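Let's start with one chain on its own, the form solved without 5'-deoxy-5'-methylthioadenosine, as structure tokens.
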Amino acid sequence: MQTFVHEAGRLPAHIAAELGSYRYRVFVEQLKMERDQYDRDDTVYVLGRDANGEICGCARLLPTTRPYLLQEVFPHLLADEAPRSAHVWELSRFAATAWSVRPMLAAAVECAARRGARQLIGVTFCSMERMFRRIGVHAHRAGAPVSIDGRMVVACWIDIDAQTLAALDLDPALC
């Protein structure tokens, strides 16, 4: 696939409708507009597109110094208080329709790192956690796993270090 990172403020109308539909099909039907209070003008998105230009992946990045999903919707998933630092960004609404997750995560990590992030945190499906592990990034738990309405998830961290950057074929200079 090919990745596209959007971070110029409010999404163009045609992009929002497209992402909204994809997110509806993935998060609603599989697991048309799916959006919550964390979809704002400052929100950063990364979309994956196939050879036909159609969205086949998505991700949402948010600075932890601003309101985020883990912090106010799932605070009980954390062993400790929710992070609030320029060094930590939240990864949410992450999906790919493993060799497909890799590109999406790479674009996600590079963008966050270019923004000062040294770590990523977010509620993660344990099935996705395993794929993160298989890919080789330095992922580790921020809390104990739990099954929410049947789906086992866990607050997960991803360190943006040498290991992670290497596994995603990113510039080692990003730290």
Second form
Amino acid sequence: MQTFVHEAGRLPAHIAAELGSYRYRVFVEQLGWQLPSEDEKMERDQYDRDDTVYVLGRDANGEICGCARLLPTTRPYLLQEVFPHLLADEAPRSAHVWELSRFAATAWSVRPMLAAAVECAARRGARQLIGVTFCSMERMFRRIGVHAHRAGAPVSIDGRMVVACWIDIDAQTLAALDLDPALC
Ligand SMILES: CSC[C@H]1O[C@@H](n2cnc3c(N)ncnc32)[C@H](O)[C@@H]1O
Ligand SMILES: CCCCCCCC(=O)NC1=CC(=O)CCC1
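If the structure you just shared is the form solved without 5'-deoxy-5'-methylthioadenosine, then what does the corresponding form solved in complex with 5'-deoxy-5'-methylthioadenosine look like?
What follows is the entire complex, opening with the chain shown before.
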């Protein structure tokens, strides 16, 4: 796949609709996070703002096959406000930490999506990423080789095993993702 990072403020209308539809299909239809909706397929919450950073992966036909959301911890974020109890410690508010959420890929698919997210966050000054991740996804991160470690004990939410996860943007993570080591 090919990755596209959107960090220019409010998403253009067509991208917002296309991403919203892809998210609806993954998080609502696939994972069943909400009941079926009516009208346009759209999945968005209070964390989708003009300042939100997005990563979209597109296949050979230019269709979305992956997504990711990046938020600075110095501003409101999901783990902080919604799932703070998943953390061993209090939720961080630092320029060096960004939250990765709504991460999905439609194996060697996850890698490019993660690389784009890390690269972007690093260029914005982040030294670590944090976020609630399915343990199955946590295992892929481990296999990919990034330096991921737990920020809390695992818990099964509505039948889905997840855990607050850290990803250190260090030499190991950068190398595993084929990114510029200088980003360290
Ligand atoms: C991220 S772990 C998956 C759980 O997070 C919930 N979730 C995702 N985003 C939000 C949100 N903005 N507010 C409340 N719950 C959320 C989903 O409905 C699912 O049950
Ligand atoms: C610091 C790690 C942050 C990663 C957060 C993962 C985000 C997320 O929404 N998880 C998902 C993983 C899947 O397996 C399918 C779609 C949902």
